[PDB]
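Encoded as structure tokens, the following chain is the form deposited without the partner chain, with no partner shown.
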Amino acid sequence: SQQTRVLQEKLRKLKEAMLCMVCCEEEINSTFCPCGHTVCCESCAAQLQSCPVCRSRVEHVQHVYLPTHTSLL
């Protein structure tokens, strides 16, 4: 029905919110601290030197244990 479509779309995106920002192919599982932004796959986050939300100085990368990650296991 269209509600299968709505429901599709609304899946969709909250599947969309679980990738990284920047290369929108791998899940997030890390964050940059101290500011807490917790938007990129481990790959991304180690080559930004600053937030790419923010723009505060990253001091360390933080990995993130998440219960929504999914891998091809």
The other form holds:
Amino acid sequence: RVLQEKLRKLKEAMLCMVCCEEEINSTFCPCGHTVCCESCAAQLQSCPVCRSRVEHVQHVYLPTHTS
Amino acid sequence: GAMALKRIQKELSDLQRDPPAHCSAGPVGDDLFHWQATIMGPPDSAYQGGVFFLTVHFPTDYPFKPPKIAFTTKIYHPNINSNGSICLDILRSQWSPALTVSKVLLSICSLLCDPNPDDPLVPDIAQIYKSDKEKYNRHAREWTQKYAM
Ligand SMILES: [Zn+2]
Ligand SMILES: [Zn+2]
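How about the form deposited with the partner chain bound, since we already have the form deposited without the partner chain?
After this comes the whole thing, all chains and molecules, with the earlier chain placed first.
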């Protein structure tokens, strides 16, 4: 049924904001927005969401990860 | 691996599923990196009844850089010049990968309803706007009928 709409919205929410291909796995510190894969995150000097300066990127394993 | 393609395809699919009011966008030509957009002048603007065509050109490092968006339809407005260039913060300094063509289109609509006279691309229109709003609307309406209808 239309669980599909929900499950797909969830899956697309887990995709990197920038490249739209890799699973998100990085947070901008200190602000905490978690919207990118490691490669796109490394290239953003300020957070795309809140525009806070990025002091450093912390790897994150999203609790919602499969395999 | 430099592909803006996936990001563009995703934006396109999202925009077409939930399009901003008064707006439409779709791909044009062969170029996946080009879209055409259309804006129907809002009802509470001097541009009502007018149809404005825009080009959307994505740079190759999109969305690290903003899309290039320009009116091809002629318009009387302080924030848009005769080349169709749009003076809008999020198309320049305030761009971020969190924004989208959809959101920019919405802001352009907002700008049609409420020009920003503090950001003139077209000095003499910006002052007709601040000095005499009633003549502004008269001229904006005349140009809409002449060039956008
Ligand atoms: Zn990415
Ligand atoms: Zn942030």
